[PDB]
Amino acid sequence: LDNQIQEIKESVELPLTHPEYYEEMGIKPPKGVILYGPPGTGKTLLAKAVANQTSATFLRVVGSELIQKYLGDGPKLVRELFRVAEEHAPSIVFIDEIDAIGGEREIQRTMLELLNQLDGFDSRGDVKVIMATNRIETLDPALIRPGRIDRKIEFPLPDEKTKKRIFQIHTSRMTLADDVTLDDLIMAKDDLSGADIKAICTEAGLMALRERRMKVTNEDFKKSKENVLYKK
Amino acid sequence: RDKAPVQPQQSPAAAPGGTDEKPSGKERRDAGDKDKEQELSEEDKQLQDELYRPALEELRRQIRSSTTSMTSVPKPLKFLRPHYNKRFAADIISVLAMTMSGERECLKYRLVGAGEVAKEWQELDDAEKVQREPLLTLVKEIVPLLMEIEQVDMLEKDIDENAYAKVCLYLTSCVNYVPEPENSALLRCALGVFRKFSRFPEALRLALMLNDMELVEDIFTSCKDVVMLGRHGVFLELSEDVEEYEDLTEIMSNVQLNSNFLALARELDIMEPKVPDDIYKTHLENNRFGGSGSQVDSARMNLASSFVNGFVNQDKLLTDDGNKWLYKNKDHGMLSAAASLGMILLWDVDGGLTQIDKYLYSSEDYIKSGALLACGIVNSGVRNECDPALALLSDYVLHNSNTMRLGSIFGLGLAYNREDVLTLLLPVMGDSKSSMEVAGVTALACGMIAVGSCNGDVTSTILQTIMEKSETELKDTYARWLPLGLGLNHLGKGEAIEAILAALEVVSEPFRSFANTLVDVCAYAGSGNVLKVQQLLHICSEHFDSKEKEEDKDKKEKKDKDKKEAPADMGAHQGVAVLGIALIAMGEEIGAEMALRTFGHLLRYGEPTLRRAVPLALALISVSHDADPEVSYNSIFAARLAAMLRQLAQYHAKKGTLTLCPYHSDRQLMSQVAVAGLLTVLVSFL
Numbered sequence: 190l191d192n193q194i195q196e197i198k199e200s201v202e203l204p205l206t207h208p209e210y211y212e213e214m215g216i217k218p219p220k221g222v223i224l225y226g227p228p229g230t231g232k233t234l235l236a237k238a239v240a241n242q243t244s245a246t247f248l249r250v251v252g253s254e255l256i257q258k259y260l261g262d263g264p265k266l267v268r269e270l271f272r273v274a275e276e277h278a279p280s281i282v283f284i285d286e287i288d289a290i291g301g302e303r304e305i306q307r308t309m310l311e312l313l314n315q316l317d318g319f320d321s322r323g324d325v326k327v328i329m330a331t332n333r334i335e336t337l338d339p340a341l342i343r344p345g346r347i348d349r350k351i352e353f354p355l356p357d358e359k360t361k362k363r364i365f366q367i368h369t370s371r372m373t374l375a376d377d378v379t380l381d382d383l384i385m386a387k388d389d390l391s392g393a394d395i396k397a398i399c400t401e402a403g404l405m406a407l408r409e410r411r412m413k414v415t416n417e418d419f420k421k422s423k424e425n426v427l428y429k430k
Numbered sequence: 006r007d008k009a010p011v012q013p014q015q016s017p018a019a020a021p022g023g024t025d026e027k028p029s030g031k032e033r034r035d036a037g038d039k040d041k042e043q044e045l046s047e048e049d050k051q052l053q054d055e070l071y072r073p074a075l076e077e078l079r080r081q082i083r084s085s086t087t088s089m090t091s092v093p094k095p096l097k098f099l100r101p102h103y118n119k120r121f122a123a124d125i126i127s128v129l130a131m132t133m134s135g136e137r138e139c140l141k142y143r144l145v146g163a164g165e166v167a168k169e170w171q172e173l174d175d176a177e178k179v180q181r182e183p184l185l186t187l188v189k190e191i192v193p207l208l209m210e211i212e213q214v215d216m217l218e219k220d221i222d223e224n225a226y227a228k229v230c231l232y233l234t235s236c237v238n239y240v241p242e243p244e245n246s247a248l249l250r251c252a253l254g255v256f257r258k259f260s261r262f263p264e265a266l267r268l269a270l271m272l273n274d275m276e277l278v279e280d281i282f283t284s285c286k287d288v289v297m298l299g300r301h302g303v304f305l306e307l308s309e310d311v312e313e314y315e316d317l318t319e320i321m322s323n324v325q326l327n328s329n330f331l332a333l334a335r336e337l338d339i340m341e342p343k344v345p346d347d348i349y350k351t352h353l354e355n356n357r358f359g360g361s362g363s364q365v366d367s368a369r370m371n372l373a374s375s376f377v378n379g380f381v382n387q388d389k390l391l392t393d394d395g396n397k398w399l400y401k402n403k404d405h406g407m408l409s410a411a412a413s414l415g416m417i418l419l420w421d422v423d424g425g426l427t428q429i430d431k432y433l434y435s436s437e438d439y440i441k442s443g444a445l446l447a448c449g450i451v452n453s454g455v456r457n458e459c460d461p462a463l464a465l466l467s468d469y470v471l472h473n474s475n476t477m478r479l480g481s482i483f484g485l486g487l488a489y493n494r495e496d497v498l499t500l501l502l503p504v505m506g507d508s509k510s511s512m513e514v515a516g517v518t519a520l521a522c523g524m525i526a527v528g529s530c531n532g533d534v535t536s537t538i539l540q541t542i543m544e545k546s547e548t549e550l551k552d553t554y555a556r557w558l559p560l561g562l563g564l565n566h567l568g569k570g571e572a573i574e575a576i577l578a579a580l581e582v583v584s585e586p587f588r589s590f591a592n593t594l595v596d597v598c599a600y601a602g603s604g605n606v607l608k609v610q611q612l613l614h615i616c617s618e619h620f621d622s623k624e625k626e627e628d629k630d631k632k633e634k635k636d637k638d639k640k641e642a643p644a645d646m647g648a649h650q651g652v653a654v655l656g657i658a659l660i661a662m663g664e665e666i667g668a669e670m671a672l673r674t675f676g677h678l679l680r681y682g683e684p685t686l687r688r689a690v691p692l693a694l695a696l697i698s699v714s715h716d717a718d719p720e721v722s723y724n725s726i727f728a739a740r741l742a743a744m745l746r747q748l749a750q751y752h753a754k773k774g775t776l777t778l779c780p781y782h783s784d785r786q787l788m789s790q791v792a793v794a795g796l797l798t799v800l801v802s803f804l
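As you go down the protein sequences, you meet chains B and f in turn.
Quick note on numbering: the first sequence equals residues 190 to 291, 301 to 430 in the authors' numbering.
Quick note on numbering: the second sequence equals residues 6 to 55, 70 to 103, 118 to 146, 163 to 193, 207 to 289, 297 to 382, 387 to 489, 493 to 699, 714 to 728, 739 to 754, 773 to 804 in the authors' numbering.
Please note that a few of the clues may not be correct.
Unchecked claim - Computed list of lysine to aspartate or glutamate pairs in EDC-like fashion (alpha-carbon distance at most 20 Å, straight line):
{"#": "1", "chain 1": "B", "residue 1": "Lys-430", "chain 2": "B", "residue 2": "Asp-376"}
{"#": "2", "chain 1": "f", "residue 1": "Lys-773", "chain 2": "f", "residue 2": "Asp-784"}
{"#": "3", "chain 1": "B", "residue 1": "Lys-429", "chain 2": "B", "residue 2": "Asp-394"}
{"#": "4", "chain 1": "B", "residue 1": "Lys-232", "chain 2": "B", "residue 2": "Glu-352"}
{"#": "5", "chain 1": "f", "residue 1": "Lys-551", "chain 2": "f", "residue 2": "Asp-621"}
{"#": "6", "chain 1": "f", "residue 1": "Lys-350", "chain 2": "B", "residue 2": "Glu-209"}
{"#": "7", "chain 1": "f", "residue 1": "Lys-350", "chain 2": "B", "residue 2": "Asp-394"}
{"#": "8", "chain 1": "f", "residue 1": "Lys-350", "chain 2": "B", "residue 2": "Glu-212"}
{"#": "9", "chain 1": "B", "residue 1": "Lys-217", "chain 2": "f", "residue 2": "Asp-718"}
{"#": "10", "chain 1": "f", "residue 1": "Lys-286", "chain 2": "f", "residue 2": "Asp-274"}
Stated by the list, open to error - Residues from chain f shown here face chain B by an in silico Cβ test under 8 Å; the list is partial:
{"#": "11", "residue": "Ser-714"}
{"#": "12", "residue": "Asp-718"}
{"#": "13", "residue": "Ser-722"}
Unchecked claim - Not close to chain B: a few residues of chain f, all C-beta gaps over 12 Å, as computed:
{"#": "14", "residue": "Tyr-103"}
{"#": "15", "residue": "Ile-339"}
{"#": "16", "residue": "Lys-431"}
{"#": "17", "residue": "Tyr-489"}
{"#": "18", "residue": "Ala-575"}
{"#": "19", "residue": "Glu-669"}
{"#": "20", "residue": "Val-699"}
Derived by calculation from the structure, the hints in this document are not laboratory data.
Idealized CB from N, CA, C, for every residue including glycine.
Let the hints inform the model, and build the full structure from the sequences given.
Next up, the structure:
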């Protein structure tokens with residue numbers, strides 16, 4: 190995913206960073222990109238959202254829970270996002286785990311309000327909005343043609359290779375034994391996303407916490423596998 | 006092993022049992038004991054017992084130092100005279130001698146005020178020079207000159223650890239927490255160890271804090287010895310104050326042996342490199358001359374267009394944009410616009426005379442007076458523009474040469493302990509014109525002449541302006557800007573008792589109490605003296621609402637370095653100015669997100685003096715984020741003061775006293791536009 194991360198890096202890191210080939214070029218795509226992946230779970234999407242945290246302002250709003258937890262006030266918080274995104278623009282607007290549509303007719307008018315209001319109706323574009331969701335087919339087609347004009351990226355299905363690589367990244371911070379092999383894991387699993395391997399990591403470190411040990415023998419790795427293997 | 010064989014050894018009092026048992030405790034002393042030394046309750050009876072008694076003193080200080088004590092621990096060491118890179122040496126020397134000698138140096142440093166603690170202090174100094182872990186033995190031995211022989215005794219090989227670490231954390235913590243009288247030893251012994259060492263600009267910061275005349279001579283024979298050159302002349306001229314560059318130009322005008330520091334060091338060369346390279350490396354467009362020079366109208370934004378002209382900068390189109398632009402202008406705007414050509418020509422000395430010569434001795438009084446003001450603005454070492462203005466000076470009632478006294482006394486103060497300009501200023505303060513800016517630029521000009529003096533002075537200059545200040549109790553603005561120059565003459569002090577002398581002879585009803593609190597402000601430039609911070613908290617609640625403004629306004633001068641505590645609850649107050657006080661306390665700092673976060677609340681106000689006051693620091697603190719709060723001001727208004745000040749803020753965007779005076783004098787903007795004729799000539803802008 191090196192090209193997939195350097196294309197979002199070069200895509201959204203062109204404004205306000207390395208500006209000698211952005212404002213002199215006369216392009217200015219002030220719309221950001223749209224992220225989605227079959228694994229989802231915000232692991233790769235947060236590993237790509239963290240690639241922009243180096244020199245920028247980060248703003249993470251996960252899901253529409255803060256909207257659907259009270260009376261239907263509506264797009265007023267989105268207008269607040271337009272006044273804070275207008276009076277203060279370094280911040281890339283990063284929205285992860287978009288499960289608003291999944301009332302519904304008010305999500306269509308705050309979707310038309312963020313679509314219409316996001317284009318920069320009063321200025322020459324003002325804020326980059328990177329969107330991240332789990333499924334791209336459930337979203338209404340109103341955000342596609344008017345909103346997305348620059349680029350949207352798709353995540354391929356590895357089946358084996360980035361299951362091994364995602365295992366390597368999930369187990370990079372953790373400690374894996376020598377006898378813990380990878381072929382039986384990437385092979386024994388059948389269409390399991392990053393959340394399930396994050397769950398077997400969760401039973402690895404959590405079941406290691408059950409015995410208050412930092413090391414996980416193979417026998418304790420299958421006995422630890424039984425924890426979420428029974429819980430899931 | 007178990008304590009069964011070795012525990013009852015302390016019960017007998019036989020001398021051989023001690024003289025062989027104690028070496029066994031030295032062999033087992035690598036970890037102290039098997040445990041936390043729970044023998045105290047059984048061996049404490051041995052205190053009264055007296070051959071090898073210093074070894075019993077070593078065991079006694081070992082166990083008493085081991086468990087707990089504050090004064091009885093180092094007594095066996097001062098009576099012991101220690102005698103007879119290892120783990121045992123790190124244990125009994127490093128931590129036990131570190132805490133032991135630390136509490137002995139603290140208890141004897143605060144108790145009595163002998164040579165025993167000096168010998169122990171030098172022995173620990175050498176042993177920790179062997180240990181080589183800096184900043185901790187240093188930070189412990191700061192309080193116990208001793209530090210002089212400590213540094214010159216320690217500084218042999220390591221340069222950047224002691225210099226960078228010790229001088230960095232001990233200079234910052236010395237100006238923050240340590241009182242002033244030790245900073246002089248920091249500066250003198252740092253002058254020694256930095257005199258032996260290279261990288262002279264650190265000793266030039268020692269000249270920034272010392273303000274000494276021998277340091278610049280030693281650093282000019284030493285910078286001359288090591289041949297960048299013009300760059301260190303540039304930040305040399307930036308670092309140096311008013312005194313040491315004139316004493317520098319008199320001793321180097323005496324010899325200097327090469328004529329090149331007489332060429333560089335006194336005029337034309339902290340400007341000669343910048344302006345051609347500024348025109349070369351920078352490229353500013355014309356849509357700000359045209360746009361920012363297009364939203365101006367109503368003869369006040371026209372004054373913001375004199376601000377455009379003087380403070381716009387490569388391109389000089391608005392400078393030569395036809396004529397009648399100054400003819401449509403007003404009188405004090407004719408002063409500001411006549412001085413604007415002085416601001417556009419801080420370079421081109423030869424071109425300055427041939428550009429201002431048209432506006433010189435013209436038909437209009439403000440054109441010639443603001444023209445001489447321009448002559449004072451354009452340079453600071455020409456000193457050939459004096460005679461045509463100085464000869465005309467005498468007016469004794471109202472005449473033009475009093476405005477030429479504004480622009481020429483103020484512009485000559487920008488050009489400048494002289495002994496002819498103040499003797500010329502004697503009939504100036506003796507004249508006592510109704511124009512406020514006469515005594516304004518008199519006090520400010522003689523103060524800029526007197527900033528950085530040797531512990532100030534109480535001479536008949538400022539004594540004379542105090543007596544003639546209290547002579548006429550009229551136009552309290554005199555009682556506001558005269559203490560400006562008073563406190564400017566107070567600047568440069570290290571131990572001046574001028575706060576007590578003024579506490580005696582400048583105290584009266586509230587027409588000189590602003591002078592008293594101004595001497596209190598300028599006499600406390602900043603050190604570790606938190607007694608004046610709780611005094612600040614106590615007198616902050618005074619019923620008089622101006623000593624709150626300046627005395628509370630001193631916060632940005634006092635704690636200007638430790639800016640993490642500078643954000644306070646001044647915005648949460650409900651007085652008349654306090655929000656203005658914090659608003660000024662922002663200043664021109666780099667302006668992190670917290671400062672602009674304070675400008676979120678300070679930006680939105682209803683009073684024209686605070687809404688007028690916010691864009692000044694809002695645009696000084698930020699010199714795709716500059717013009718956005720400007721459009722926010724366009725959303726606020728769309739009066740004249742706020743519009744002129746917000747365009748003036750657009751032009752603002754695009773402990774040196776030279777940057778501290780202009781705005782502390784500017785704290786009286788809430789008056790007529792006559793003061794705004796002196797608002798344009800602030801030299802604090804780089």
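How the hints compare with the structure:
1. B:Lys-430 with B:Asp-376: With a Cα-Cα distance of about 27 Å, the restraint between B:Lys-430 and B:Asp-376 is violated, given a limit of 20 Å.
2. f:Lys-773 with f:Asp-784: OK: f:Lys-773 and f:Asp-784 at ~18 Å, within 20 Å.
3. B:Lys-429 with B:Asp-394: holds (11 Å)
4. B:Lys-232 with B:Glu-352: OK: B:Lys-232 and B:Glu-352 at ~15 Å, within 20 Å.
5. f:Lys-551 with f:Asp-621: This hinted pair holds, its Cα atoms lying about 18 Å apart.
6. f:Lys-350 with B:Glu-209: holds (15 Å)
7. f:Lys-350 with B:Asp-394: Judged against 20 Å, a Cα distance of about 57 Å means the pair is violated.
8. f:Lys-350 with B:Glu-212: holds (19 Å)
9. B:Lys-217 with f:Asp-718: Since the Cα atoms of B:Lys-217 and f:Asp-718 sit roughly 18 Å apart, the hinted pair holds (cutoff 20 Å).
10. f:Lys-286 with f:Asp-274: Roughly 19 Å separates the two Cα atoms, so the pair holds.
11. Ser-714: holds (6 Å)
12. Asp-718: Nearest chain B Cβ about 7 Å off; hint holds.
13. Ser-722: The hint holds - f:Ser-722 has a Cβ within 8 Å of chain B, the shortest such distance being about 6 Å.
14. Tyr-103: holds (47 Å)
15. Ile-339: At about 30 Å from chain B, f:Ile-339 clears the 12 Å cut-off, so the statement holds.
16. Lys-431: It holds; f:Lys-431 is separated from chain B by about 41 Å at its closest Cβ, greater than 12 Å.
17. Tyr-489: Answer for f:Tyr-489: holds, closest chain B Cβ roughly 44 Å.
18. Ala-575: Label holds. Min Cβ-Cβ 45 Å, cutoff 12 Å.
19. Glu-669: The claim breaks: f:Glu-669 does not keep its Cβ more than 12 Å from every Cβ of chain B (closest is about 8 Å).
20. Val-699: holds (18 Å)
Checked against the numbered hints given earlier, the structure breaks hints 1, 7, 19 and satisfies all the rest.
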